[PDB]
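Taking it in order: structure first as structure tokens, then the write-up.
And now, chain A:
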Amino acid sequence: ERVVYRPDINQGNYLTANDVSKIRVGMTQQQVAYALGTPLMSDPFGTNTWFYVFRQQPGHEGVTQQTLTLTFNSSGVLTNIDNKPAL
Partner candidate 1 sequence: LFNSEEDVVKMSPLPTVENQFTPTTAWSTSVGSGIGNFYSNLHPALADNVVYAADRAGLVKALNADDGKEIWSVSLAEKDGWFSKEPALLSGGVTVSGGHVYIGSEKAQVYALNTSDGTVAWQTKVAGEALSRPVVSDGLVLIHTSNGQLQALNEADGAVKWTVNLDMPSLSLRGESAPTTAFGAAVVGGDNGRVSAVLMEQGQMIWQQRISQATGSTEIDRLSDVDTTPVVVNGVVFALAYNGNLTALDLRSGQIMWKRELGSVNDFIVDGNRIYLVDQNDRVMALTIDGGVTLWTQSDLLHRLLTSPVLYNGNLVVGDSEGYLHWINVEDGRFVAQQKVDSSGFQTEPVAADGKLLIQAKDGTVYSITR
Partner candidate 2 sequence: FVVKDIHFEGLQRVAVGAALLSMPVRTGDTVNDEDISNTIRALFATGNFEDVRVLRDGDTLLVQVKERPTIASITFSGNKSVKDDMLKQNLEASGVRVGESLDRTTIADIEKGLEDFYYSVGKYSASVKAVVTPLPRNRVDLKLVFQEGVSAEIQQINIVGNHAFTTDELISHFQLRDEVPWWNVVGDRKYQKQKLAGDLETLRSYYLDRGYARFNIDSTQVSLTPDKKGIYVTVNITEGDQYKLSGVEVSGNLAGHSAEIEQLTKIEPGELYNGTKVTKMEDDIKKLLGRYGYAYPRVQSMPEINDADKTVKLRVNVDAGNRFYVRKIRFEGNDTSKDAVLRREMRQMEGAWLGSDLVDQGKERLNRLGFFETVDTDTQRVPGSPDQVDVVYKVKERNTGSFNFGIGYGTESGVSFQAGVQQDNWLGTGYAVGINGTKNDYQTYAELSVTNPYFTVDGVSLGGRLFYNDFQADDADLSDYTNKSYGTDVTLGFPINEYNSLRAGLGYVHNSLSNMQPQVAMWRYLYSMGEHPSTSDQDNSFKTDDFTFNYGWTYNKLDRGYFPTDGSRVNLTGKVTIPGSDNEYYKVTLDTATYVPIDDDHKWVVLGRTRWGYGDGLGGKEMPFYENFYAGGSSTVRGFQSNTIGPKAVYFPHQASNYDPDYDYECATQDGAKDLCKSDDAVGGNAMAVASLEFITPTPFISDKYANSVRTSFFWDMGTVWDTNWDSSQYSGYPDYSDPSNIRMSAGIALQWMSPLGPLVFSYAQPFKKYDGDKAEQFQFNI
């Protein structure tokens, strides 16, 4: 591209570094939901994968994103803290 101006596409639903430290693989959904609340995306047909996915566009080049998923099992017990970065 060559444009000098660019506003920023901005959405949260992230989880902080404090938010990861509250929880653990094994800590159940409710037990996570007391620490982290609900996600703004869960696995909508299968398991309880609580997606907390940050997405942000900081200008012309570069994209910032924190895709955190929380695959709890069917028992609610967490099986996966997938704190996946941008891209």
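Criterion: contacts are C-beta pairs under 8 Å (C-beta built on N, C-alpha and C of every residue); 3 or more make two chains touch, one makes a residue touch a chain; residues count from 1.
As a selection rule, all candidates are chains of the complex that A comes from, given by their letters.
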Have a look at 1 or 2 and point out the one touching chain A within this complex. 2
In their complex, what parts of chain A are in touch with candidate 2? 3-7, 9-13, 33, 37-41, 53, 55
